[PDB]
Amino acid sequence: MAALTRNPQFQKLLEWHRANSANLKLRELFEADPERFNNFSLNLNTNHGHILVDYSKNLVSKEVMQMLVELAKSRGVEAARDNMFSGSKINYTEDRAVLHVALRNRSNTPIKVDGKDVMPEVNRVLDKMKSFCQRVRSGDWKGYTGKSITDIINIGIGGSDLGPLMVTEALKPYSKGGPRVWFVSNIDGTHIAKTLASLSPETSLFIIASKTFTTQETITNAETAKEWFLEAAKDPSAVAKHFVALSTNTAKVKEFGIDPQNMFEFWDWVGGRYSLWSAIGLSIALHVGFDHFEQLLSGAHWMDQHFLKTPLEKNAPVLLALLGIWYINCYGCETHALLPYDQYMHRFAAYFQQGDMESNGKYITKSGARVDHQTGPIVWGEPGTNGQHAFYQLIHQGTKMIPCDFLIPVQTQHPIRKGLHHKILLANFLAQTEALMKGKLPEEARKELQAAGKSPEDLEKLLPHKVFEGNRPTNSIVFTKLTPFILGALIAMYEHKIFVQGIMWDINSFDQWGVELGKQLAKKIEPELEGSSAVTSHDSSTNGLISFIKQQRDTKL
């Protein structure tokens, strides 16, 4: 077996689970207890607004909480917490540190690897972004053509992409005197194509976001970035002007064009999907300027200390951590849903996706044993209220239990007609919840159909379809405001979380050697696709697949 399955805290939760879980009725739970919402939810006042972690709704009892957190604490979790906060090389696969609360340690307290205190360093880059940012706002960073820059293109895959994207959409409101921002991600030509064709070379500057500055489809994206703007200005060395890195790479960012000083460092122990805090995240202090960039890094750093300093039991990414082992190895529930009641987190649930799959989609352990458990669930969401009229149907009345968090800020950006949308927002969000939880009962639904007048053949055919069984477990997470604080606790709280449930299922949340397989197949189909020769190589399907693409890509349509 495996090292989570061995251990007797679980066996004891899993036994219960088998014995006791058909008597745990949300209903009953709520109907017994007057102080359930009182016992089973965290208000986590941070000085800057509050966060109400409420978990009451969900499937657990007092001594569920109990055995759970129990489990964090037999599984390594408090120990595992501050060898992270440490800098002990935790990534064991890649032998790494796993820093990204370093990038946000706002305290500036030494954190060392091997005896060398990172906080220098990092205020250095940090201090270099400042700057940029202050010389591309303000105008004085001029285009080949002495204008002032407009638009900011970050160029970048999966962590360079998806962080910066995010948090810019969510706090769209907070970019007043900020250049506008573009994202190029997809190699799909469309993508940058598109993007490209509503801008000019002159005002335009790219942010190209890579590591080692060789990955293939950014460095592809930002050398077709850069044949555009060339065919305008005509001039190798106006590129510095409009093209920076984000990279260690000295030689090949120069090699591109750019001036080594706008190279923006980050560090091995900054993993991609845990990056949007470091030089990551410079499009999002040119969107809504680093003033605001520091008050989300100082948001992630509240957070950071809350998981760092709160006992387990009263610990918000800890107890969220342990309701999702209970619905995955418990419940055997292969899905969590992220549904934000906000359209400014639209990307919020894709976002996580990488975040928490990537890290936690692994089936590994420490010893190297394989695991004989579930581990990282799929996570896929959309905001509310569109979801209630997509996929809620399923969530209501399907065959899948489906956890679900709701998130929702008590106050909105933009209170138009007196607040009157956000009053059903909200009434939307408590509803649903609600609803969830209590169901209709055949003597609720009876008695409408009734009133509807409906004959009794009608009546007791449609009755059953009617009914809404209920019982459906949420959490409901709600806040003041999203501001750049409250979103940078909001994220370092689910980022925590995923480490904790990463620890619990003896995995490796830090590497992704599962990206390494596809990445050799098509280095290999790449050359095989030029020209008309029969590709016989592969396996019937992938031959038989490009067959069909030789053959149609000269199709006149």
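Positions refer to the first chain, counted from 1. Under this definition, the rigid core comprises the largest set of C-alpha atoms superposing within 1.5 Å between the forms. Compared with the form deposited in another entry:
- Only one of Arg106, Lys254, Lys73, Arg124 has its C-alpha shifted by 2 Å or more between the two forms once the core is superposed, and that residue is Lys254.
And the form deposited in another entry, for comparison with the form deposited in one PDB entry?
Next up is only this chain, free of partner chains and other molecules.
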């Protein structure tokens, strides 16, 4: 088998689930114990706001949580965590350290890789970012015609795109005095074309974000941007005023033709999907200011320390991870929904789609043996309250069990109409998890149908449609306000949740070998699309699709 399934604490948990999980009813759990909320929630005081992690509306008892914590211990979570933090090469397939925690290590306590403290270099790049932010935001950095920069365009994909995008969206209220920020990522020419259409070459600065500086989408987009720029500037030396690079590849940055002083470095132990805390966050710092960027780092650092110092039984990312294991490996739930009741957080779910799914969508363990159990879930979601009108129908009355995290700030960035909108938002946030837990009983629905003037025949037929089984588990994560600090803490919390799950599954959360095949096959097809010749080199579907492309591309509509 695999490490997890051979573990006796896991076997005990699974056997308990088989024998007892039918006895678990949320309504009954709360009725039996008025201390349930108190015993199944964590109220974290960060000194810069509180984060309440309420996991009480979950299908767990004291005994279940105990079994889960014991499993985390016997799967080596505590030791694995310490190994990450100390710079051990825990990304074992690539023989790399995993040190996004170093990027936000505000204490500056030494963290060594290959015997060398990484903190001086982390801080050197941060200082460079701060200086660049001053130059650009002040208007001192001039474009090729001597004008101040008004627009910043990040060009990158995946880990070099989603973090900065999600964070600048979430922290929009903190962007006064900052340039407008744009994100180009898709190779689809629509993306760069529609972006450039709204910009002036005189006042636009491009940030080319790429760990490797070889990613086809990013370099192609970058070259398109440069061509557009040079059409107006007509001077190759002006490129240095309008293009900067975030990379680990000094040589490839030079080949593109960017000034070496224009390069903001990061390191191989910064995974792309854990990179917003590094030089990759330059567009964040430019947009909201370096002070706010430091606050974002500080929030993450707080959560890192919480994760490092806290006994597992009251350790927020550990508990979230354990609940996920319970639902994935015992209940067999394929998915996990992230439902922020916050428009600014509209890209939060998409961010953790990558963070979670690219990390833990794995099937080979440390020993090289194939898993014989589920690993990472499919992560999805949209902001509330919109979901209530759109897919919550299925959450309430479908045939799937879907663990949901509901998230909301207590304080809104826009307290319009004396707080009326936020009052309603909060009320919906609370009511939805309550409804998911409680459902609606036949006796309740029957009285409603009776009062609505339904005939005995109509009542009889309608009744089962109006009944809600409930017993649908949720987490509620509530925080004082969505400030840069609190957002940093929240992102770090989910990073560590993902880490804990990966350790428990015995997989590598930090590689991504699954990207290779698609890239190889795309390289083969690209040159085949050019010209009129029939393509026969693939399976009949691929060939047939190419034939359709060649036949349809000249047709005038």
